[PDB]
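Here the structure of chain A is known, so what remains is to put chain B in place on it, guided by the hints.
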Amino acid sequence: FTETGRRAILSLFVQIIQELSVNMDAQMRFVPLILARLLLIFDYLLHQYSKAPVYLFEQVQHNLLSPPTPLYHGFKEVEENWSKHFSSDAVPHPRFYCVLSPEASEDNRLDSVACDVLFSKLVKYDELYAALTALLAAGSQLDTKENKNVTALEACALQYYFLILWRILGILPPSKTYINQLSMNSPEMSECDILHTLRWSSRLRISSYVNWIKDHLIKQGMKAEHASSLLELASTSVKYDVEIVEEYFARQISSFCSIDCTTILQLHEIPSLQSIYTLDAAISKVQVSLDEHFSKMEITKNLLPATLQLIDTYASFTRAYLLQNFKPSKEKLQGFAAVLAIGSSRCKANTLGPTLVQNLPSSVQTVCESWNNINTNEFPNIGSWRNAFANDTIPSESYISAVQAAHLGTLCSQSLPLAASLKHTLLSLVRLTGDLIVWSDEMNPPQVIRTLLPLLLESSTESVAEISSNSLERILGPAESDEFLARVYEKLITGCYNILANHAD
Amino acid sequence: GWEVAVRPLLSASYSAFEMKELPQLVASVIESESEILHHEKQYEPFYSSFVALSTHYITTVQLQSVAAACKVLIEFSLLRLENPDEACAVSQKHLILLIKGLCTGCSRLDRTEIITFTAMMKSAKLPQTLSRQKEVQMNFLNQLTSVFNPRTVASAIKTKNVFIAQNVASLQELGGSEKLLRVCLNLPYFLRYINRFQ
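Here the protein sequences line up with chains A and B, keeping their order. Read left to right, the first sequence gives residues 821 to 888, 905 to 943, 946 to 982, 986 to 1077, 1082 to 1142, 1153 to 1181, 1189 to 1367 (PDB author numbering). Read left to right, the second sequence gives residues 28 to 88, 96 to 162, 166 to 168, 185 to 206, 230 to 274 (PDB author numbering).
Since no wrong hints were added, every one of them can be taken at face value.
In the DSSO-like style, the derived pairs of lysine-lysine whose C-alpha atoms are separated by at most 27 Å in a straight line are: (1) A:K871 <-> B:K47; (2) B:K187 <-> A:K871; (3) A:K959 <-> A:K1017; (4) B:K234 <-> B:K105; (5) A:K989 <-> A:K920; (6) A:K871 <-> A:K959.
Keep in mind that the hints were calculated from the coordinates and are not lab data.
Extracted from the complex, chain B is given alone in its bound form:
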C-alpha cells in the first residue's frame, strides 16, 4: 500500500530522518515509477508533496539505488516544470530550488513550506485521505547489473561529491539543459523585455 510507503516521511516530519527509513523509501520510489509520471488531476498534489518531502529528506544526507531514485525525482520535476498544471502542490519556483538542492548541499527549502507540505500531505486523499529478503535481492540485482564508478571522479565530503556527480550526470542524461533554457526563455514577464531588446 501507499500509506505504509508514506509512513516514514510522516514519522520523520517531527524529527530528523532515521537511517533505517531510507532504503525502503528508495524501494518505494523505484517500484511506483511506472505510475508516478502518469496521474489524474486529483491525486496530483498528493504526489507532488510526497516528491517534495522525499527529495528534501534525501538531500539532507546503496548508492546506485539512491542515484536511481534521484534520477526519477529529477525526471518528475523536469516534466512538472515543462507542463506545470494549475493544481500542482509545489509551484515552479520551488521545483527549481528543489532541482538545484539535489545538485547541491540542501540549503534551499525552509520549514515554513514543509509545514504546509505536510498539512497538504494529511489533507490529500490516497491513490489506492491521510487525515527483508526482497529488498536485499533487488539491491543485489542493481549492484550486479551496473558498476558504480567509484574512483573515476573526509568521508562526508567525498560521499557528497560522488552524490553530486551522480545527480548532475542523471540530470544531463535527461537533457534537462535544453528544457530549462526553453522554460527560462519563454517567461510570461521577461517576454516584453526580450521583445523590446529585439
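Next comes chain A alone, as it looks inside the complex:
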C-alpha cells in the first residue's frame, strides 16, 4: 500500500481497539482468541510499519505461489503445550502462530513512523493506552463454578493472549496521563494497573530507560522542563515499593476479612487466577527489593501483621480447596477437616498423622496422593534471581516474567489446576516471612507462633512445613529440648481432644 492507505488502516486499528474495550464487563467472561489475533496483527504493524521483511517474501512464495506443511513462525512455548496435549506427533493444523521472526526476541525496536503516527492527530493516545491497560483482564472470569472442565484450547488461548498483550505493552512508549496518575500519588489502582506498575517501576530505575521516557515525552507536547521534573519526582526506591505493596496487602486483607472463624469455604469464593498471580508478582518484587537493600547494607514495622494475615487466610483457602474437592455431607466434611488438621507426615514430632490419614478407606487417599504429587519445579528456584537472572539489566523484571509464565502454564491442567498456584504462593509468602523475621528488629513471638505451628502439622500444607520448621527452629528452639516440643505435643493433645469429643458420631 501507499502511506495514506497504511496510516488509514492503522487509524482504523486504533479505533477498533478503543471501541472494543468499552464493555469490559462482558469481556471478563469471554475467551480472547480473536483479540489475540488483532493484537498480534497490531504488534506486527508496529514493528514493521515501513518496510517488509524478507522471510515474509519467502513464506508467501513457498506456501502460496509454489506448485504442490506450511512455513510459519509460531510461538514455541504455546505450541509446546498444544503438541503435548495433542500427544501422537501429528500437529496437522497450526492454530497458535506468530508472524514476526524469533530473531526479534532480543531487546524489539519500535518503528519511528509508527510512533510518529501514534503521536499525532486522528488518534487519541491517552485513551488508547488506557484501553490497552484495561484489556489485560479480558479472561479473568473464565475460570469461574459449573464444575465444567477447561479445555486445552481455551487455556492455550488465554496464555497466548496474555503473552501477546505483555509483549506489546512493554514496547509502547509512555503516555503523559498515566505518568500523572502515578507521579505524586497512586490511588484507585486495579489488578491490571498494579501488574503494569510493578514492571514500570522496576524499568525506570537503573536500566537507562529514563532517557527514552523523556525523549518520547518531548513528543506529544511536553517540553523537557516538565518531563525532567516529573521523572525526578516520580521515583525517589524501596520505600515506594513497600508503600505500594503494603497498600495492596491492606486491600486484599480488607476484601478477605469478610470471611472469618473456622468454616468450610466453597470453590466459588476462591480467588481467581489473576489475583493470585498479581499477589505472587507483588511478593516476589518485595522479596527481591528487600534482599538487595539489606544485602547492600523501621520500614518493616507494619509488613509483619499483614503478611501473617495473608498467610493464614491463604492456608484456610488451600485447606478449603482441598476439602471441597473430596456428594459428601457437610458434617462428615467437618469430621474430615478435624482429622486432617492434625495430619501431615513431614514433621517427625507427631506420630498419629500418617496413620490416621492412611486408615481411612478410599476417599482421602487417592485424592490426597494426586494432590500431593503436584510438583512446582517449573517455577523459578529459591535464589535463581541472583545467579541465573542477574546478568541482564533488571533481574527483578526477569523474575517477574518467569513467575508469570509459570503461573500461566498451570491452566492446561484438568484435575487440580489451582494447586500449583496456591502451593507456590504459600511457599513464597512463608519464605518472605522468614526473611523478614530474620531482618526485623521488632518481633512478636505469640503472633508468629500461633500463626506458624498450624503450618507444620497440617496435611494440606506439607510442601511448605519444612521451611516453617527451619524458620521456627532458629528463633523458638532446637525442637528437641526447648519448649517447641512441648507446644507441638500440646497442639497434638488439643486435636485429639477435639476429635474424640466433637465427632464421636
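Chain B only, in chain A's frame:
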C-alpha cells in the same frame, strides 16, 4: 559498480563456482541488459570475455532467473555471430561452441582458452582496468509474473533436462535458426564450393 559484479568470476577462476555466487551474477546480468547489447569498440572485448566466463560457469551446473540470463546470453551471442566485429575477444567459432554448450552438458570450452579469457579480463579496462532484500524481492516478482512449467516437459538429470528445455525454447524464441542458417550459408570459404555446385 562492475568490479563487484565481476568479482565472483575472478574469485572462481582459480576454483569451482560457489553456489552462493550464482544469484547475484544472474541479477547483474539481468540488470545491465539494456547496456550489454549497445557498446562502443573499446569496452567490447571486456564484455565479450565476461559473457564467455559467465556462460561457462552457468553451464557447469531460481530457475526463471537462470533461464532469463541464459536467454540474454543467447541473444548476445546471436547478434555477435551476425555482425562479428574484428575486435571481439571471442571469435565466431567459440561463440558457436558456447551456444551449443548452453544447450548441452558443457563439454566444449577448455582451460587453455579460459586462461586467455581471464588474462584479457584483467587487461581490459572497466566501463564505469582490472589489473539481500532487493534480490529476494526481484526473485519474488519474477516468480509472480510468469509461471514456470515445471512438469509439462535422478534429480540431476531432470534439472538438466528442464534447463536444456528452457534454453532451447529461449533460442527458438529469438528465431536463431534462420540467423544461424544464414551465417552458415554465406561462409567466406564454402562460397566457392557452393558456386561450383550451382
